[PDB]
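Novice: Chain by chain, the residues run as shown.
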Amino acid sequence: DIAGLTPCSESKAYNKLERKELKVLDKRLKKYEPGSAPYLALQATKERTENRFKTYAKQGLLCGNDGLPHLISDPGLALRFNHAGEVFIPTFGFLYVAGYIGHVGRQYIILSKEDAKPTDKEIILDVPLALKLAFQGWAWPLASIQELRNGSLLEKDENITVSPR
Amino acid sequence: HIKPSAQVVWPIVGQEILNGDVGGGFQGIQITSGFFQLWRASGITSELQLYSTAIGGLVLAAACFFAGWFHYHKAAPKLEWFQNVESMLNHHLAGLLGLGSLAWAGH
Amino acid sequence: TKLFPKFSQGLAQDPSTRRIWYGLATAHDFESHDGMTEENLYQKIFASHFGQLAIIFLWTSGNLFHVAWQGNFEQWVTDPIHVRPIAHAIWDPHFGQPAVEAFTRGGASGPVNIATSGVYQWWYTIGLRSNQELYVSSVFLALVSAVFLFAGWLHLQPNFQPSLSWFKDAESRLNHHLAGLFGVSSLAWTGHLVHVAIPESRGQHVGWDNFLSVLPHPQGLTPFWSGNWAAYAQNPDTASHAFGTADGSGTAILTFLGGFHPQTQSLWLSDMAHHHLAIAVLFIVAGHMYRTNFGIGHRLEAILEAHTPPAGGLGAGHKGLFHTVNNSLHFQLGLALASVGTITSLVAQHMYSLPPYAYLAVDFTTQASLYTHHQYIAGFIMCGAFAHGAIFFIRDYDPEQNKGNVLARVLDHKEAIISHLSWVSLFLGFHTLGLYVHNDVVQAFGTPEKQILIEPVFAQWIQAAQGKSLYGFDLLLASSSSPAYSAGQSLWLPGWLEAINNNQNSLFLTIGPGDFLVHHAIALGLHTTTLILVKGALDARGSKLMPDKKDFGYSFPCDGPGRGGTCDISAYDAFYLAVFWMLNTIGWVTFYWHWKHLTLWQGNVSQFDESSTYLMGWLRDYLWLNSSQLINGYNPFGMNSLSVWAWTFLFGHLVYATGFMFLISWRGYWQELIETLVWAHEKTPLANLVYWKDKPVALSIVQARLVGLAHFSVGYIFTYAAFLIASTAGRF
Amino acid sequence: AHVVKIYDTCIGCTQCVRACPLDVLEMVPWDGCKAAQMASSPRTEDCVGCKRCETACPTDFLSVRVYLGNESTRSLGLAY
Amino acid sequence: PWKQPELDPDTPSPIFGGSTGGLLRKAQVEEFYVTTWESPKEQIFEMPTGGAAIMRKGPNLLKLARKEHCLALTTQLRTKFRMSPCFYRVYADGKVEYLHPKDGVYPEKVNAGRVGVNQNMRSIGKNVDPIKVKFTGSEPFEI
Amino acid sequence: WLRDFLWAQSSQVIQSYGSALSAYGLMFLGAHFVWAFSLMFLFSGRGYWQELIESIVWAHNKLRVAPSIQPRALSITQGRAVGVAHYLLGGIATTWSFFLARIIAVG
Amino acid sequence: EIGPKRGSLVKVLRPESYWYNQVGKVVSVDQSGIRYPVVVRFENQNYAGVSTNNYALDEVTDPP
Ligand code: CLA
Ligand code: CLA
Ligand code: CLA
Ligand code: CLA
Ligand code: CLA
Ligand SMILES: CC1=C(/C=C/C(C)=C/C=C/C(C)=C/C=C/C=C(C)/C=C/C=C(C)/C=C/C2=C(C)CCCC2(C)C)C(C)(C)CCC1
Ligand SMILES: CC1=C(C/C=C(\C)CCC[C@H](C)CCC[C@H](C)CCCC(C)C)C(=O)c2ccccc2C1=O
Ligand code: SF4
Ligand code: SF4
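So the sequence lines, in the order shown, correspond to chains A, B, C, D, E, F and G.
Residue 117 in the entry's author numbering sits at position 50 of the first sequence, with consecutive numbering throughout.
Residue 198 in the entry's author numbering sits at position 89 of the second sequence, with consecutive numbering throughout.
Residue 579 in the entry's author numbering sits at position 577 of the third sequence, with consecutive numbering throughout.
Residue 16 in the entry's author numbering sits at position 15 of the fourth sequence, with consecutive numbering throughout.
Residue 125 in the entry's author numbering sits at position 66 of the fifth sequence, with consecutive numbering throughout.
Residue 650 in the entry's author numbering sits at position 6 of the sixth sequence, with consecutive numbering throughout.
Residue 63 in the entry's author numbering sits at position 4 of the seventh sequence, with consecutive numbering throughout.
One thing to keep in mind: the hints can contain errors.
Okay, derived cross-link-like pairs now, BS3-like style, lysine-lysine, Cα gap no bigger than 25 Å in a straight line [said to hold, decoys possible]:
{"#": "1", "chain 1": "A", "residue 1": "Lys184", "chain 2": "G", "residue 2": "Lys70"}
{"#": "2", "chain 1": "E", "residue 1": "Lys161", "chain 2": "E", "residue 2": "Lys62"}
{"#": "3", "chain 1": "D", "residue 1": "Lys35", "chain 2": "E", "residue 2": "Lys168"}
Restraint-style ranges between C-beta atoms, simulated for each label pair [to be verified]:
{"#": "4", "chain 1": "B", "residue 1": "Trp178", "chain 2": "A", "residue 2": "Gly172", "range": "34 to 40 Å"}
{"#": "5", "chain 1": "B", "residue 1": "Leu169", "chain 2": "A", "residue 2": "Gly172", "range": "43 to 49 Å"}
{"#": "6", "chain 1": "C", "residue 1": "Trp672", "chain 2": "A", "residue 2": "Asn226", "range": "44 to 50 Å"}
{"#": "7", "chain 1": "B", "residue 1": "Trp178", "chain 2": "F", "residue 2": "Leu646", "range": "50 to 56 Å"}
{"#": "8", "chain 1": "A", "residue 1": "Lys125", "chain 2": "B", "residue 2": "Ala115", "range": "39 to 45 Å"}
These are computed hints drawn from the structure, not numbers from a lab.
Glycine included, C-beta positions come from ideal geometry on N, C-alpha and C.
Construct all of the structure, not just a fragment, from the sequences and the given hints.
Specialist: This is the structure in structure tokens:
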């Protein structure tokens, strides 16, 4: 109960939104026979709606004055209270994949640059080396840290094109 | 009383709301091309006939692609063949347009 | 050879129609004028500044005269909550009979126009009651405008033109302006406030006939010569007090209760009196700092050269920078414009939450128009500041004069700054648009609980630190045991806490996830505008595509189709592209302000809280719902007073579209069309006798961008002002 | 009219004079290059600033530079 | 060239129809340009301001309102037929000017008979900043 | 024209959310996006974008992810083509979504 | 003879050049005493499209 947001399990507007969605979904149910395939699809949609409302509740999620769940972004506050699953763990979850793509792109760029006419390698990809680097990029932050200390990651600006101001 | 519909979406991510209640115990995207009106003008009753038309169209599409491959890579016409403007006009006036119009009138 | 461009002989040699446009555009670009020295340039700038001052004073004198003549200021004074302000009468002979009848608003006889400028609230707050006083104000401001015009004429004659070093006097100008232009000016303002407005707010008329017979405080300056300044805050105005009378009032001239007046919904007059008195005292103290003819003071170059951190942190530090600011007028202009725009933005963000005028918060359209006007003024002044900084970088910048200093080092790694600005702009735009589109489609599938509502925790945490107890954070100044709450607990805490915990006012409104998303979109707009303006400023003199940009002037079209294409390569072009992003960003901030305040005034804040998350709801409940009264101004069935607003809305659309006409098409197709029209006129009967003297030529590319930007911004401003005023005034 | 300047970086491919359809540029003998040639602009008052010589210039940076400003009836390309 | 040639009033002109693109009132008020060449036979060329015109075996005469039209026609003739023509300028008072090479062997050659003008011995980018030449009337590239 | 055609109609496009035709509202706003995104390629030029690309190239050069192919800004004709294509696609999809939603929710 | 070896990799320090702080290959060095005798070839084109340029003696040093 932070920032004046009630939990989703004990919110009246959350349940009123659930009842409203169940009402409109059951409105379309009266136009089809129960043994039809649109009825089965509508029943599966209603089951997915009920499962989503149940799983969104009782998970630490909270909402305020709207019936729509809110996300807590401050670290520590999302760690002392059970809210790290909203954005805190997705932050490291995205950064792992984001650093994965950046690392395999860097290794492919470095590997292709030590080859005759490297401009062709960007439009003519090679599969075995790219796929080998794709499956050799799980430890991207471990390769990134070791290259940072020793200068292989970076480059001094004496061989870097700089503006003539 | 039944709105036409010929595109059915998947239930993957919230798209089940797009399968609108078009009537006739069917749900899908309400189409706007008017293909149902054309299939009522050109007398078409069952879905078997539409299946046959689709398979024939696929066969003619494969034939057209093979024709392009043949008429370029295998047997390419010369410039004098393309410069026969009178034959082109006669064959695409009497042949293409006229033969298609007569075939459609007969159908 | 003509002489209409007198400042530019070369422009007078142009036989085409380009001479008139370029003569009008380079009319006050004195630095590029033919045969102009530095001292005469500074003197011309002094005369032009005096002319602008005279124009400003004449404009406000005319505003006073028009309000005193055709306004309803007395009726507004008698009843501010009911009677509407009136700006000027409408004498348009093309008006119809229903048109005259439908514009006699505010209880008037003739056709009049409702004032949204807010001068009625301001003049009622400062003690102006009768229109005689407004007439005297108008004639006095006209007199001072004539005085300023004469002074501008005075400093152009021999034995009166100041020297070059007089303008370059840096320490004494700062001393005098801080001490006098701010200090004793604020002291005179708070003296006038205490003498006139404080008794006029308590039913005591103070004028030039009797201000020497009445007294501001009953103690009569005995607190000032003694130390007992607490006597001035002994009996402040109570909660049950009216601004036009003395019902339950007190005799206090300087107080600090804080908060707002319970009746007028505005800051207390004595609060502003002590505020301007303290600001006056502090500014007079700070104005005795820089070095003058006397042996004491501070020298600017000494402070600049002394502030060099060791170990090469800033290289040479701020050394060699005094002459850079002094010699380059564009540096001073850019700094002044940056500070003016920042202060204007601060003003916009601070009058709406803290209304300084009585019954200003009640007038919703007045507050909205004032906020939007000063925000757009601040943004345009920001764009001018960055453009003139680029002009400094290209025109007058010597790397040899300041080598290794902060300026040269900033220019040294300019690519890093531009790249990081581009990264943060791209990242903000990518993620903000991602969640906006995500919440749009999630709302479209009939399930709005799946949208990503990131609750703003940092700003609500700040609001809890500032006294908002709605969020329930156990923080300082919100808990009774905190030292921040105990400090000032009897000074201004119970007023500020009562004002900030009341949701009916505009002080620190509650913010939801949509508020957070629109705030980060605003940050994205500021970041992208900063990115383009900073990149144009740093690339103003050199770039890898074109190192010699300093040799082509600040405002040049291009370099040609070579090297892949060099379209819009100038820093002027960077400014011209940045004005569009400035317009979009201020449109975003004013959309946010207008929609949140409109939902506050209508009482349905839940609609804004649940509808500002997704962009379709933004469009539907702002641009479509509030425009119902706008487009019904002159409906064929019935026409009402919103006819000027719908007409101005469509006018802004048309001028926006003419801006598009100048912006899409470029010169080179237009030259051939104009050549065909030349052949049409020259080679026809009964019209070949009439021949042009200036040759018709197409608009130049820089001129094309300028006129496209001008029509774009004019249409943008007019259509948004029309929509905002019509939407706010149709309901209330 | 416009100002056309040629710097010492020119080495004489005699192609900047072919790309100019206004006879502004001419080629003079020189000694600072292998080709012993250097571009010159005798009729610089007849230039419009079309920068075709800049497109034809192969040196980095360009040896020939055209600067806009002070336009006239011939530099504006009007036949009227 | 070896001797500066003066155009002859007697020379014929190619047969052409009425074209809207041509001489304007600037020919009357200001100067206009005149192009001359000597032909081996009757060939078809395209004027820079009109359509197609059959030219005369022998001398020919073209009048163009702009010098750019004259050099466009010159380049077209030199590319298509190795023609090598020359154009002139005729002022309002009757003054005749020679702009196509005064040396006569074209700007593509050198001829060791022309003096370098508007040439800077310094490198591009070595020019001083505009602050160093401020309030002087001289541009950095004009030094 | 404005009030009684573009405002009297399109009330079903904005309220299409939660219904069968909400995809038309999504398409409407995406068309607004693409129509508005085109004005970059229409108003702007190439030299500013080339200099920005140079700064980004320096950023990628600092930590050695420099592509072998040199990143260049779009050509002036290329930029005009991108601008007109995005503008036309956005306008066509805007009118398509508005027309189809209005004629489906009413007709 | 007066310049670097033919075919050796060199670094260009010309500020206004596109290849500032870049590495190029020497293709020819003129011995006639001209303004810019050191002619080098670069692997990457400029914005114009060319790949070779000439520089003076003071603008060419060996890269580290
Ligand atoms: C207690 C020990 C101590 C400490 C902590 C400092 C600390 C400091 N001194 Mg120092 N000082 C000391 C002892 C100490 N000094 C002694 C003994 C002397 C001799 C008397 C001095 C004399 C001295 C002088 C004369 C000056 C300083 C200054 C400074 C400050 C700037 C340092 C610098 O190089 O810039 C930081 C280093 C940089 C390389 C700057 C990088 C800045 C980046 C690029 C900007 C990033 C912007 C980024 C986008 C922002 C994002 C924000 C977001 C909202 C957008 C720094 C805080 C300077 C000062 O006043 O500055 C405030 C200064 O002029 N000092
Ligand atoms: C409303 C229309 C609109 C939009 C959306 C943009 C968006 C953008 N402009 Mg802008 N601009 C506009 C109008 C617009 N502009 C106009 C009218 C002008 C006046 C000429 C400018 C002038 C201008 C300048 C001068 C600059 C920008 C820049 C930018 C970028 C800022 C970075 C950012 O916010 O993150 C990204 C923002 C986004 C909106 C993301 C768009 C991409 C999304 C994810 C869709 C991608 C495609 C999608 C995955 C589907 C794939 C298939 C599809 C391609 C078919 C961004 C790409 C700056 C830039 O590019 O520097 C980095 C810059 O310097 N613009
Ligand atoms: C994997 C290669 C790679 C790497 C490591 C980087 C790294 C960087 N770029 Mg770059 N970028 C790349 C490709 C790459 N970029 C491509 C392909 C483009 C063209 C679309 C750009 C366009 C671009 C711009 C316009 C900007 C950056 C910026 C940045 C910096 C910010 C980090 C970031 O996420 O930027 C954000 C990057 C993007 C939004 C580009 C995403 C495109 C995809 C993800 C790249 C695909 C590469 C591919 C999968 C690799 C092949 C794998 C191999 C096995 C075959 C950083 C130095 C910014 C900067 O200057 O910061 C200082 C900046 O303004 N980049
Ligand atoms: C009467 C004979 C006849 C017929 C019916 C056609 C029909 C056609 N010709 Mg034409 N053509 C003919 C004689 C004929 N040609 C002659 C004599 C010449 C030489 C002068 C040409 C040279 C020619 C050129 C150069 C081009 C055509 C093209 C086309 C097609 C235009 C597409 C269209 O409008 O949509 C109508 C589309 C359809 C009706 C789809 C069905 C297509 C079927 C399979 C074609 C069957 C007709 C064919 C003549 C049957 C004999 C071929 C046999 C060897 C299998 C159309 C199918 C264009 C093309 O490449 O398309 C092939 C084209 O650019 N024609
Ligand atoms: C008080 C601050 C201030 C000062 C002292 C200056 C002074 C100067 N600036 Mg700066 N500038 C400012 C604010 C300021 N400007 C702002 C706010 C902007 C952003 C809009 C700019 C943008 C800017 C640029 C981009 C350039 C200058 C230039 C100049 C110089 C000449 C401009 C001039 O007078 O031409 C007189 C110009 C006119 C008379 C034309 C007026 C047309 C206006 C602007 C269009 C308005 C639209 C519309 C028609 C208005 C009427 C509405 C309609 C419905 C009736 C001069 C040094 C130029 C320079 O240094 O020369 C190279 C230059 O390139 N400035
Ligand atoms: C281009 C250029 C230029 C320009 C620039 C600009 C235009 C800028 C701007 C800038 C800006 C516009 C800035 C701003 C800033 C700000 C700041 C820096 C602020 C701060 C603040 C603070 C620090 C606060 C604090 C506090 C307090 C006191 C109270 C409450 C709480 C708190 C804590 C928040 C020039 C001329 C130089 C020249 C060169 C180039
Ligand atoms: C923005 C802009 C650019 C810069 C634009 C460039 C360089 C083109 C960028 C094309 C991108 C790289 C295509 C691919 C886009 C995304 C990477 C696709 C993402 C797909 C997801 C699945 C990841 C110009 O070059 C330009 C030139 C002339 C006039 C106007 C402009 C102009 O406005
Ligand atoms: S800008 Fe054009 S007309 Fe002028 S010298 Fe260059 S190529 Fe010739
Ligand atoms: S195009 Fe440039 S480098 Fe080549 S001969 Fe002409 S001026 Fe010299």
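Novice: All hints, please: hold or fail.
Specialist: Against the structure, the hints come out as follows:
1. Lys184(A) / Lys70(G): holds (20 Å)
2. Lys161(E) / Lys62(E): holds (9 Å)
3. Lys35(D) / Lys168(E): holds (15 Å)
4. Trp178(B) / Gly172(A): 34 to 40 Å: Roughly 38 Å apart at Cβ, these two residues keep to the hinted range, so it holds.
5. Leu169(B) / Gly172(A): 43 to 49 Å: With Cβ atoms ~45 Å apart, the hint holds.
6. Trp672(C) / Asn226(A): 44 to 50 Å: holds (47 Å)
7. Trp178(B) / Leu646(F): 50 to 56 Å: holds (54 Å)
8. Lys125(A) / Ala115(B): 39 to 45 Å: The hint (39 to 45 Å, Cβ to Cβ) holds, given that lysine 125(A) and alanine 115(B) are roughly 43 Å apart.
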